[PDB]
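Chain by chain, the residues run as shown.
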Amino acid sequence: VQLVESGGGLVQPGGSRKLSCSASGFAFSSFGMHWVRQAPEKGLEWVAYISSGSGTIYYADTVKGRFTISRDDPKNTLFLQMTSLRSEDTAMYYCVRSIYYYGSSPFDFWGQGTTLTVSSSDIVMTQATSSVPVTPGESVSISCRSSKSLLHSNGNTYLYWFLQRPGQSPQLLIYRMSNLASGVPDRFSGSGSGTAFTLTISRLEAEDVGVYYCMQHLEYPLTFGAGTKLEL
Amino acid sequence: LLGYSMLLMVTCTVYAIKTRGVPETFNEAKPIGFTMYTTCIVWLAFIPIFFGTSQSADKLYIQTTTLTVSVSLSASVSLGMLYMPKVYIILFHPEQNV
Amino acid sequence: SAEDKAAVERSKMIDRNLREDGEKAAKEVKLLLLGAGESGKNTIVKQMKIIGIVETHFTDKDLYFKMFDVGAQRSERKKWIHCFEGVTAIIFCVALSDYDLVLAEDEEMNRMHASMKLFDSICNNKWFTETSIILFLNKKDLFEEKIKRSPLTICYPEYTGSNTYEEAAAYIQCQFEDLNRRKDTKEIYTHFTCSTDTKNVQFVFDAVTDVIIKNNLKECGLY
Amino acid sequence: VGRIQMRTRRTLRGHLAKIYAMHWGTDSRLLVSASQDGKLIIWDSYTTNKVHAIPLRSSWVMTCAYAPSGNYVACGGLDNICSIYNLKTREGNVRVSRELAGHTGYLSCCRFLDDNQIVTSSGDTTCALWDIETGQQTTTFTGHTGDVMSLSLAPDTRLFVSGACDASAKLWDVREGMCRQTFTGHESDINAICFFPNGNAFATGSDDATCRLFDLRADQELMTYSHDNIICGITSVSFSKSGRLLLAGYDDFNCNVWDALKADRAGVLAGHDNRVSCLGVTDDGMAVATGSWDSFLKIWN
Amino acid sequence: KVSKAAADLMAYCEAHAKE
Amino acid sequence: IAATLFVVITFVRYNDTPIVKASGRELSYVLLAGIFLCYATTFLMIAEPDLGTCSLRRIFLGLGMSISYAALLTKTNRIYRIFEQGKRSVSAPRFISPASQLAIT
Ligand SMILES: O=C(Nc1cccc(Cl)c1)c1ccccn1
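Listed in order, the protein sequences are those of chains A, B, C, D, E and F.
So for the first sequence, our numbering puts the first residue at 1261; every next one is plus one.
So for the second sequence, our numbering puts the first residue at 358; every next one is plus one.
So for the third sequence, our numbering puts the first residue at 5; every next one is plus one.
So for the fourth sequence, our numbering puts the first residue at 253; every next one is plus one.
So for the fifth sequence, our numbering puts the first residue at 728; every next one is plus one.
So for the sixth sequence, our numbering puts the first residue at 679; every next one is plus one.
Do not rely on the hints blindly, as some may be mistaken.
What the hints assert, rightly or not - Calculated pairs, BS3-like style, for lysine-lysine (alpha carbon to alpha carbon, straight line, at most 30 Å):
1) F/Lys765 to B/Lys416
2) E/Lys728 to E/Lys745
3) F/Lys699 to C/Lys144
4) F/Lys765 to C/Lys34
5) C/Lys9 to C/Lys65
6) C/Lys121 to B/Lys375
7) C/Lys16 to C/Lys28
8) C/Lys70 to D/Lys340
9) E/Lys731 to D/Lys340
10) D/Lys514 to C/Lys9
Since the hints were derived computationally from the structure, they do not count as laboratory data.
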């Protein structure tokens, strides 16, 4: 119900530093834990994922021995065990809560995260037309690309929709098959035939400025939008 | 073959002495241990006569006869002193059969 | 298939929990407790405490017992008891202190025969005739303070015997244990009760063990 | 229609104790079942996995219910309280919402009228209407002659029938709470209760193999679907969304299916090594489910 | 009731390809 | 052989008696057939030492010194478990089913 990141960050250049976010107010025992990482300027990308019981050890396409995951289910917390350092590690790490079953809404609640500064097949799904300066009430529309179809023969589209307020944790708007999730308010919708998706928010108002994401969940390697730059 | 049989006998004996707490209805512990020991005695009697008459006449007359006699004696001891008391109770004393 | 694999793995994780929960339930022995109106069915449950169905749990020699009462539930007893099929032992409690009554306040029957009308019924319905029927003889102490008074002839006209505990005790078994038209599979474990002693729970363990052993013996054609 | 014998597409294993409860949601994709191991388990015939497994406070639970929106689940049993569980929770795990107490009678049917109202019927000869907000009996249905253990609702959410096992078959109303219609003439205690999808018919299943249906507008006995050589009883009954198919669960280790007017056997669902105590059809009408005492659940599609 | 029984002429559990 | 025939005749005639049921009626014909083979290896040895007979002697000896004491061993283990497990659980010690015992033997 409340997740905050701690453990360190910006301790020294070139020195490994493992970090962990504290969790509270939920089981976590039957909950998938992600380690989706945000680029320093724009872009929140996924690097690790563990399921209930530590059965699933899916990793990102940048496979390396330094990237590990450990489910602190007994502690309800989690482990990262960071090793070495790289220029790509200058980023903004978050924490993700997700569950997987019919009617479930994965990626509901995300923690505030912390900034980690370091010194010296895939859908990709980047919002191409991510620049529409419009005043409130203009019914903003955001379109994300898709290399192939996201329907895995199950009749639903494995796509997630996000909303990231400035200086705040990302909030999911509608989960797969274009249905509301996380108890977010109404007027949040959007769908398309195939390999083409759009955003439909009518009765536009404030408290929606920031960056938007377009996530695929067809298989192990996940991806999101590079960045949306729609403001008021 | 005799070593495998003796190992099976040892397991039977350890099992029999483990299951001694069963009441008299299923108390197949003392007869089983007795049968194990009797078969062991029969085989230990078979070993010297079989393995000693090597450089002697009538080796065929001794070895095969003593081996089959020991096998028959072990089988007879097992069958008789395992089931014959039960057959006795069944068809000679028709009062404990209920 | 990432979510489908996680959903499939979720069922496997739950299945492991079911096996662990089922293993505990499998070794747990179910006990059915029943009786007539104030027939001592509530006095027994107060014995193995330290050592509308209410459920009590206690441990006695690596056994997890669980009683399921019936006094607090008033419904059609003869048609909801199908859920209790498979209960290892059915503890029946009758107090030897109420073999007299002014009718029944609801019908024309004394408590002794009314209790005997439930003991026979519970061992004749085609749900419980597999394991056993455990009987408890409550109010054993107060029974003597009524046997030298008005005898058992009030309830049992055909009673012909002495007027002591030894003669009376043998009769009690005949009144209750000899209520089975079938004796090949069902057995009655008649044994008295102690007011302030732990021997009552001792009779529970071995009697439940005896029917448990016979249950395995009855299966596989070995009994 | 034809001789549609059976088609066991899948078998839902995992259960260990006897099953007396099975309900299907409005999405035609989720199934909920109860067992005596104190573990209420929610299934789904599309994938065959345990989506939720909420432990049960009373192992004697004899009934199940699924909310129309798929957000609540209820249990009854020989414990006299309805433990309402909210499926959609921020914490994720399934937890109890409110315990509906005040029955003093065994529980075997508590259908979900809506996301807020419950039509819990108990074995103390009286039914009740419950409210989630206050946890008190809004209505105090009384007037039956015996214990009632099986109800069935209607799509319009404005009428329900409470049938006790004494040839009562009393029809009540959700609001005014009085017996508007009564059907009598049954020769044995009833155990199965169903409602027509159209909302203008009503059938019963008793422990005499005499599964019969009646009419709401006119109180008379329709075709009784007389059995040929069946002497056992009936535990569960349900109606398909088509409305021209009768399905009942019998005590003779099998199930039988009839027609609306033919009143003849149209298929045997004998695939369970025990008596069948559960039956239900999806609101859409695709696939059928069956629960029994051998801790095995199967889907007939 | 007869009309309601035949109302769902395009129902399931008779012949279809969907699971 | 005569004693074994008498024993099997007695055991199959009174096949419902508890005393023969208590002795493992399922794992009793196997033991009696093993004793029969142990007896018949004597007749086999008496015959001519042909290649087939020489092989059959070894086969009979190897089978007879083991099948009887495995049927007995299996029965003992099963009974011990039945009572041993019943001291702490109701779900049976393991596969004490007659088909299981045969499979173990
Ligand atoms: O002779 C016997 N046993 C034996 C077995 C192997 C080697 C040796 Cl020197 C002795 C024996 C056994 C039983 C009774 C009498 N006697």
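Cross-check of the supplied hints:
Our distance criterion of 30 Å between C-alpha atoms is broken by F/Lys765 and B/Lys416, whose separation comes to about 55 Å. Restraint check for E/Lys728 and E/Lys745: satisfied, since their Cα atoms lie roughly 28 Å apart, inside the 30 Å limit. For a cut-off of 30 Å, the pair hint linking F/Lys699 to C/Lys144 is broken: about 39 Å separates their Cα positions. Simply put, F/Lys765 and C/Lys34 have alpha-carbon atoms about 15 Å apart, close enough for the 30 Å limit, and the pair holds.
A distance of roughly 44 Å separates the Cα atoms of C/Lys9 and C/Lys65; the hinted pair therefore is violated under the 30 Å criterion. Note on C/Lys121 and B/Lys375: the hinted pairing is violated, with a Cα-Cα distance of about 46 Å set against a maximum of 30 Å. Distance hint between C/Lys16 and C/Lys28 is fulfilled; the C-alpha atoms sit about 19 Å from each other, no more than 30 Å. For a cut-off of 30 Å, the pair hint linking C/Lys70 to D/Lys340 is broken: about 34 Å separates their Cα positions.
For the suggested pair E/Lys731 and D/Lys340, the alpha carbons sit about 36 Å apart, so the restraint of at most 30 Å is broken. Between D/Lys514 and C/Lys9 the alpha-carbon distance is near 46 Å, which puts this suggested pair outside the 30 Å criterion.
In summary, the structure is inconsistent with hints 1, 3, 5, 6, 8, 9, 10 from the numbered list given earlier, while agreeing with the others.
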